[PDB]
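The other protein chains are all here in position, but one chain of the complex has been omitted.
All chains are identified by letter, namely A and B, in their written order; residue positions are counted from 1 within each chain.
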Amino acid sequence: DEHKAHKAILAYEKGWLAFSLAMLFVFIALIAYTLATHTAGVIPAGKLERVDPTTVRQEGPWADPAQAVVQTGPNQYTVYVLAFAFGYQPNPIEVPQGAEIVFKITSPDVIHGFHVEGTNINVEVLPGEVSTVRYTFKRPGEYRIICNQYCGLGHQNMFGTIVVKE
Amino acid sequence: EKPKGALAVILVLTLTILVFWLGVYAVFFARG
Partner (left out) sequence: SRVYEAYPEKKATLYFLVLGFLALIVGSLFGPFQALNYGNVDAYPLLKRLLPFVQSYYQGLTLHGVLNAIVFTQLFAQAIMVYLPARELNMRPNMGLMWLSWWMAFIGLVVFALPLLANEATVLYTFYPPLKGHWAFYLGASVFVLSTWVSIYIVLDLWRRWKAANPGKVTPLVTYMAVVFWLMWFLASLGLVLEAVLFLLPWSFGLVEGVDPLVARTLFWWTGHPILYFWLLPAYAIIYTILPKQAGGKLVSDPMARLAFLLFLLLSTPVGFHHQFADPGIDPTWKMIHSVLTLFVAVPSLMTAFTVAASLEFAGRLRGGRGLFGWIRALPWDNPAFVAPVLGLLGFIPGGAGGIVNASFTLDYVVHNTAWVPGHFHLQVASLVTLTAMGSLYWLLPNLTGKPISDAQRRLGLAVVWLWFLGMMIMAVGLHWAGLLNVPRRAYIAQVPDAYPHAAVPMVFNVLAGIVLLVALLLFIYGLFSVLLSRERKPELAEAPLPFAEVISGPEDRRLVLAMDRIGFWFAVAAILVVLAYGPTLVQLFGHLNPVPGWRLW
């Protein structure tokens, strides 16, 4: 009874442990797939790109928000975004649909989030470093940027805008 | 014989894992 119960429990546990391992292995394989597709562009470039948050608004590509959108390829734009307390520049960001957009986001003050509502773009923005991510907007219109990292009392009201043109 | 209750529990756990995982994965691609 006890001796039997214990053999039966242990035998089925092994089955369960094998199934659970499998399911987990499948997820690993389903994640590796995402890594192979265009949707992986939202993964940060894990390359270090130091900048000086104290002069970032005076000299360099973040100093003139009206020139932050640069065509860097036949169908590619790079955007120099500044996430700061409590907003984003440029406002709005204006990109064409169907074009690959390389966002290069950094902060003058504290850490902010860069979360583009409706999309997978969701990246911490660290002062002193440049966050690099890529996205192609497939539908035109107005996307909201939300700051999802606590940045002080102005946090809940920190929003930005992306306008994707036809 | 067999621990039918335990199996039922890990059944609910697997289904919950699967709904959550497949659910989010659909969401990821929709926003891709």
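In this text, a contact is a pair of C-beta atoms (placed from the backbone, for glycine too) under 8 Å apart; a residue touches a chain by one contact, two chains touch by 3 or more.
Q: Going by the touch rule given at the top, which residues of subunit B touch the chain that is not shown?
A: On the subunit B side, contact with the omitted chain comes from 3-6, 8-10, 12-13, 16-17, 19-21, 24-25, 27-28, 31.
Q: Using the touch rule from the top, list residues of subunit A that touch the missing partner.
A: So the residues of subunit A touching the unseen chain are 2-3, 5-7, 9-10, 12-13, 16-17, 20-21, 24, 27-28, 31-32, 34-35, 39-40, 42-50, 53-54, 85, 109-111, 113, 115, 117-118, 120-124, 126-132, 146-157, 159.
Assume only the chains that are shown with their structure count from here on.
Q: In angstrom, rounded to a whole number, how far apart do the mean CA points of subunit A and subunit B lie?
A: Averaging C-alpha atoms per chain gives centres 27 Å apart.
Q: Per the contact definition, I'd like the list of subunit A residues that touch subunit B in the complex.
A: 4-5, 8-9, 12, 16, 19-20, 23, 27, 30, 34, 37-39, 118-120
Q: Per the contact definition, I'd like the list of subunit B residues that touch subunit A in the complex.
A: Per the stated touch rule, the residues are 1-3, 6-7, 10, 14, 17-18, 21, 25, 28-29, 31-32.
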